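Asks: Chain residues, written in single-letter form:
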Amino acid sequence: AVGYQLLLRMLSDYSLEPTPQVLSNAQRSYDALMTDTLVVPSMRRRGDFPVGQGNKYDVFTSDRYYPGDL
Amino acid sequence: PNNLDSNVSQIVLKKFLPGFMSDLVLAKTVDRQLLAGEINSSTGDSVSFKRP
Numbered sequence: 081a082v083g084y085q086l087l088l089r090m091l092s093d094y095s096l097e098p099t100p101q102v103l104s105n106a107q108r109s110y111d112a113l114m115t116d117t118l119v120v121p122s123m124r125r126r127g128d129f130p131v132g133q134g135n136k137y138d139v140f141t142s143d144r145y146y147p148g149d150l
Numbered sequence: 002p003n004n005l006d007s008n009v010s011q012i013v014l015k016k017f018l019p020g021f022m023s024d025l026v027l028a029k030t031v032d033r034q035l036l037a038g039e040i041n042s043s044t045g046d047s048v049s050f051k052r053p
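Chains c and d, in that order, give the protein sequences. Under the authors' numbering, the first residue of the first sequence is numbered 81, with each subsequent residue one higher. Under the authors' numbering, the first residue of the second sequence is numbered 2, with each subsequent residue one higher.
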């Protein structure tokens, strides 16, 4: 991936034009690189959202509301 | 002579002798209410308290 990107950024120095196969290979390598570094942050609760009475928010828990921070 | 050891049976009573013991002093003295109902195994493994 790094080599293909560097070749794409250096081709203009020698006054050349990339072939479609080179572009496809670079695209596939970059897609693999992006796949390897996904996040999907999985957003949390709100912060004033109530916690149901079935959770036993006094005997077993000290929080009556979701913290939703830090 | 008489050899009648087969007329009796070895008996082990159903009694247990007294054992040794320890005492609970430090556990009773320290406070347990402050941490009670605060930390759970699933939720985490550390809790924090704010200093004055």
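Fair warning: there could be bad hints in the mix.
As the list claims (entries may be wrong) - Partial list, computed: chain d residues near chain c (C-beta under 10 Å): (1) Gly38; (2) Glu39; (3) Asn41.
Don't read these hints as lab results, they were simulated from the structure. Using N, Cα and C, we set each Cβ at its ideal position, and we do this for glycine too.
Asks: Work down the list of hints and note, for each, if the structure agrees.
Replies: Hints versus structure:
1. A least Cβ separation of about 6 Å between d/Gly38 and chain c falls short of the 10 Å threshold, and the interface hint therefore holds.
2. Restraint check, d/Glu39 versus chain c: the minimum CB separation of about 6 Å is within 10 Å; hint holds.
3. Because the closest C-beta pair between d/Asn41 and chain c is about 7 Å apart, less than 10 Å, the hint holds.
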